[PDB]
Structure formats: C-alpha cells, structure tokens
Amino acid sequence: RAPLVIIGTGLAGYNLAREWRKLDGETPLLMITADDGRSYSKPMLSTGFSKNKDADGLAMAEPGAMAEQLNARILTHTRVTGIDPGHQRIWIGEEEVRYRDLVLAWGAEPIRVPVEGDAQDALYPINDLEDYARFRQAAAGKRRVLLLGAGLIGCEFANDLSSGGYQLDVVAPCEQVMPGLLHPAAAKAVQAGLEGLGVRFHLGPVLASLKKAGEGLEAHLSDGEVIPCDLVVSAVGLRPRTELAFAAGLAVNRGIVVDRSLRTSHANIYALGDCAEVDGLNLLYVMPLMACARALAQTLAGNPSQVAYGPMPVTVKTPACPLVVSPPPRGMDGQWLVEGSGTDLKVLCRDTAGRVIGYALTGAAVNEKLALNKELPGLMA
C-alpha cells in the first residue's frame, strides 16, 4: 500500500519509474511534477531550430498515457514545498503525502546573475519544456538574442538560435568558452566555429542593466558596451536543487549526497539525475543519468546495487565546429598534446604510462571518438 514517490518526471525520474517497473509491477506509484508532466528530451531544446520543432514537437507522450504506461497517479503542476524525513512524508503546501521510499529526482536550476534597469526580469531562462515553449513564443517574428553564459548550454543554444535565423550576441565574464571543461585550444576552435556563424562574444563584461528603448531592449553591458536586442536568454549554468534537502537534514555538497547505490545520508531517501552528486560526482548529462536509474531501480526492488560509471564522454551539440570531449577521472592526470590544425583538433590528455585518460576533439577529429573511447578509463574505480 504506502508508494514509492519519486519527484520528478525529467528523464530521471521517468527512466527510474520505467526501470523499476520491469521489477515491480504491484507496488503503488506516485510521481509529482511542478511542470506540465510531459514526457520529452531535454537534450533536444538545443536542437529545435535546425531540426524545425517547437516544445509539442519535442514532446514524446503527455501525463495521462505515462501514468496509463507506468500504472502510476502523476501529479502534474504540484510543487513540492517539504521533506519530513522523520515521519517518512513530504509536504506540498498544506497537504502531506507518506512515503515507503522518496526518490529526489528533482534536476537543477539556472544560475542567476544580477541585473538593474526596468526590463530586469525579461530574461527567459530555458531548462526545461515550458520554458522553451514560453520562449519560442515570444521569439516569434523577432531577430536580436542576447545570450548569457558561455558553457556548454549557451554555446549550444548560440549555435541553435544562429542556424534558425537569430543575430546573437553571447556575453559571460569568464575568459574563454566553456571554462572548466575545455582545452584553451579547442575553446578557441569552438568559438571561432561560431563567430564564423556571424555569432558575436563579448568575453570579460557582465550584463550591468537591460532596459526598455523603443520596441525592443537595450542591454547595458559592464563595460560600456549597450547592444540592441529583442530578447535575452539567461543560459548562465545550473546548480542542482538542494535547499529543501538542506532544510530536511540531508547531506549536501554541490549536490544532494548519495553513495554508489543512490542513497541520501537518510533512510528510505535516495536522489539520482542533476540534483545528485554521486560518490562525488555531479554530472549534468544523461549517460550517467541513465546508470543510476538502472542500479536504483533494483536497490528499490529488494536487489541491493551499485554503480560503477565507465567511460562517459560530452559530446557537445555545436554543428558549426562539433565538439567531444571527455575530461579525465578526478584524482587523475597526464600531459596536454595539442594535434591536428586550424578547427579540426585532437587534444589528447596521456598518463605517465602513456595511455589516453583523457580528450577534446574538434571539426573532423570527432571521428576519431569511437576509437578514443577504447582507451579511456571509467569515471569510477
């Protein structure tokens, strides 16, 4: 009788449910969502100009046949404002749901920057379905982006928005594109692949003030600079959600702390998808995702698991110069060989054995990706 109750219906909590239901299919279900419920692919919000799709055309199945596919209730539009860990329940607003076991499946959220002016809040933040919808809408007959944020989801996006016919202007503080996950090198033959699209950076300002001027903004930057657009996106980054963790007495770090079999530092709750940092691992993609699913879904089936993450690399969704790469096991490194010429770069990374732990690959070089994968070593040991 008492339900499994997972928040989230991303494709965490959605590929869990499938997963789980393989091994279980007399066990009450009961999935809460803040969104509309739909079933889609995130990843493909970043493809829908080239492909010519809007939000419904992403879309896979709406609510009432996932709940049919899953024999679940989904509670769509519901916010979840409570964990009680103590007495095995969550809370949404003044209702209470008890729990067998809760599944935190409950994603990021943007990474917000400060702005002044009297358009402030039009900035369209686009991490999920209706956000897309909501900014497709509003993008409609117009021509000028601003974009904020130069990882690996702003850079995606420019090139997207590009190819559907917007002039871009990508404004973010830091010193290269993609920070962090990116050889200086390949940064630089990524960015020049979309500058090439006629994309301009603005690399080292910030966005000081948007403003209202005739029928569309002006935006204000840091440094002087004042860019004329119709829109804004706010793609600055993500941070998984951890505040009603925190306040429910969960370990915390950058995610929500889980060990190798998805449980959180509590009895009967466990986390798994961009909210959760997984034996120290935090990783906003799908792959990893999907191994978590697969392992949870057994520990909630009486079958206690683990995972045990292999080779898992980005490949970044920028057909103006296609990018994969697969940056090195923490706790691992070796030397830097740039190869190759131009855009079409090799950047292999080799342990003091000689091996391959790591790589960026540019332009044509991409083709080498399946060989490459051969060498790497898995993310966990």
Second form
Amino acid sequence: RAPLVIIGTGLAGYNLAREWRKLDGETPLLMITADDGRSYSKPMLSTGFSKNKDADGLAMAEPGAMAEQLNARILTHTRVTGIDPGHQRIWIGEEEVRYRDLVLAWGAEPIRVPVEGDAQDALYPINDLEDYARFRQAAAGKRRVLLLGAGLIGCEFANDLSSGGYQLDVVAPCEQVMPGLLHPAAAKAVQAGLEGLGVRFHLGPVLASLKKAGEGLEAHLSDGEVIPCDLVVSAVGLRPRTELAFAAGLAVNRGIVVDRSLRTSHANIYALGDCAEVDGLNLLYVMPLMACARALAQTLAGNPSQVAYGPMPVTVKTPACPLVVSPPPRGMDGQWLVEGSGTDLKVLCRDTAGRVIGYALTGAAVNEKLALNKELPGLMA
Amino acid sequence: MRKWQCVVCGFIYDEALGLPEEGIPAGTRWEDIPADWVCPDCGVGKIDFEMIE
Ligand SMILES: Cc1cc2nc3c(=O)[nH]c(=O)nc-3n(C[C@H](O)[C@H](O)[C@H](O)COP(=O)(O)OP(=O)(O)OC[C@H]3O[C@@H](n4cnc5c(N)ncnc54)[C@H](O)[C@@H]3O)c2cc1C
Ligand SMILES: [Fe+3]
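Switching from the form solved without its partner chain: structure of the form deposited with its partner chain bound?
Next comes the full complex, this chain leading.
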C-alpha cells in the first residue's frame, strides 16, 4: 500500500525510478515535481542553439508517457513544501503523502546576485527546460545578451548563444574562467576560444545595476562600464537545495548529508544527484549521479549497496575550445606543469612519485583522455 | 557502419572506429557491445543512445 516517493523528475529521479523498476515492479511509485515533468537531459540545454532546437525539441517524453513506462503516478507542477520525518510524510500545501521510503532528488538552485535599477528583476536563470523556454521566449528577435557567471555552465551557454547568433558579454568578478575547476593556463585557452567567437569578457567587475534604456537595457558594471543589452542570463553558479531538509531536521553541510548508501541522517529518507553530498562529495554532474541511482535502486529493493566513485573526468561542452578536466581528488597534492602550446594544451598534475593524479586538456590534447584515465586515482579511495 | 549518439551528453560511438581502449574493436556493431556498457562521458546505459547515421 505504501509507495516509494521520489521528489524530482530530473536525471536523478527518473534514473533511480528506472533502475529500481528493474528490481521491484509491484510496490506503488509516486513521483512529484515542481516543473512540467517532461523527460529531457539538462546537459543538452547548453547545446540547443547549435543543434537548432527549441525547448520542445529537447523534450524526449511527456510525464504521462513516463508514468506508463515506470508504472508510476507522476504529479507535475506540484511543490513539496515540507518533510515530516517523524510521521513518514511530506507536505504539499495542506495535503499530505505517506511514504514507505522518501527519495530527495530535488537538485540545486541558481546562485542569486544583488542587482539595482528598475530592471533589476529581468535576469533569466537557465536551470531547467522551463527556464530555457522562458529565456528563448525573451530572446526572440534580440541581438545582445549579458551573461553573469564564468564557470562551466556560463562558458557553455556563452559558446552556444554565440553560435545561435547572439553577441555575448560575460561579466564575473573571478579572475579566470572556471576558477577552482581549472588551471589558469587551460582557462586562458578556453577564454581565448570563446573570444574567437566574439564573446567579450569582463573579469573582475560585478553587475551594479540594470536599467531600462530606449529599445532595451543598459547594464552598468561596478567599474563604470555601461553595456547595452536586450536581456541578462544569470549563470553565476549552483548550490544544492537544502532549506527543506534542514528545516525537517536532516543533516546538511554543502548539500544533504548522505553516506555511501545514500541515506540521510534519518531512517527512510535518502538523497541523490545535485542535492546530495555523498560521503563529503557534492558533485554536480551526471556520472556520480548514475552510480548513485544504480546503488540506491539496489538498496531500495532490499539489497544494501554502496557507491564507490572511480575517476570521473569532466567533459566541458565548449566546441570553440574543447576541454576535458579531472581535478585531483580531495586530500591529494601535486605540482602542475604545462605541456603543449597555444590552444592544444596539456596540463598535468603529478604527485611526488611522478604519477598523474589530475589533468586539463584543451584543443587537440583532449584525444589523450583515455590513456590518462587509466593512471587516475578514484574520487573515493 | 553506424553512428550512435548519447541522448544525455552527446557522446558519439562510431561503429567504424569502435573504442579500442574500452576496449571495443573497429567495426563492432552496437548490438554486439556488452549490455553492461556505459557512456564514457556521462555514464548512462545503452538505452540512452540513438542511431543517428
Ligand atoms: C547548462 C548545463 C549543462 C550541463 N552539462 C553537463 C554535462 O555535459 N555533463 C554532466 O555530467 N553534467 C552536466 N550538467 C549537470 C547535470 O545536468 C546535473 O548534474 C543533473 O542534471 C542534475 O540532475 P538532478 O535530477 O539531480 O537535478 P535536477 O535536474 O535539477 O532535478 C531536480 C528536480 O526536482 C524538482 N524539485 C525541486 N524542488 C522541488 C519541490 N520543492 N517540490 C517538488 N519538486 C521539486 C524539480 O522540478 C526537478 O524535477 C549540466 C548542467 C547545466 C545546467
Ligand atoms: Fe553520455
């Protein structure tokens, strides 16, 4: 009688449901999502223009169709507003749902930045398919986009929006693209690639204010530059959605704290994907999420299983400058050395023993992904 | 020979080339690739690939 309840129809929620349904085809399944519930791959949002897709072209299946495939009831445009761990239930306004086990697959939230002026709200995040639809709606017939952020997500969009015909101005107070993730020299090559497409960078300033001016907007940066634009993309970064878990008394840190079995601090509640911090590791990518779905499915079907991340390199979708990066796992030190020249750069991180523990590859140098991957240590020891 | 693309990240498996370091020889058909095999770039199963050309 008691359902498995999954909050989320992203890649985490849908892949868990699918992996689990190979194991248990009888237990009722309820899926709940705040969006339209359509199946789609979020990674593809940053390639839509180069593939000449609109939002609907990126949808792979309607939620009703998924409901048949998974033998599930799927509630769409339904916001869970609380978790009641002491009574094994969740809240949706003033209605409740009992669960057998609850799975939190509710993702991460865009990082807001303070902006002034009478247009300070005209900032478009792109963190799901509906966001993408709302951005495309606003961008029709426009020429210029201001983009806030210079991480992986910001760089991918800047690349695709440029291929899509838009003239981009990227603003970010960090000193390099993809800070934290990327060695300076390889970041420089990626930035150069994007500039080659016409992207203009402003690294160091923030957006001070946004005002309505004539045909569109004027963006006043903190250094006094005024940049005419039609709309603004907010892609500063992401942080795991923790508010509802913490209020419910679940342990949180960077994300929702789970062990290698994906269990939270409370019986019958698990978490996976962008929202989950797995044994200290909150990794906002598909590869660890897939490992988690496979293991958690087993546990939910009564076969206690753990994840164990091997090497999980990051493939950055910037066609203007191809990039694959694998930062060294946490607790490991080494020296960085830049081999190659120009756009074809190979930056290796070696321990004292001479072993490659991390890398960044740009241009032609991405071909040697596979040979380097064999030497790599896992993200979990 | 056919090309198969990952619907999740866009990884292209080319039947003509194979993935010799996986290690899958050149000329290996999609059906003759082990069932447990995953996308090297995002980790989804064979179910998330579609034949493009
Ligand atoms: C532009 C872009 C490109 C990317 N490219 C890559 C890539 O190439 N390779 C890679 O490995 N990773 C990539 N990533 C990261 C990857 O897409 C994410 O790690 C992954 O999609 C996260 O899936 P998720 O299901 O955990 O979260 P989400 O997809 O965000 O799903 C969260 C779900 O929870 C629901 N939800 C949230 N709150 C509530 C609520 N309170 N009540 C009910 N439902 C709720 C939402 O509606 C949604 O359905 C990219 C990310 C972006 C944005
Ligand atoms: Fe893939």
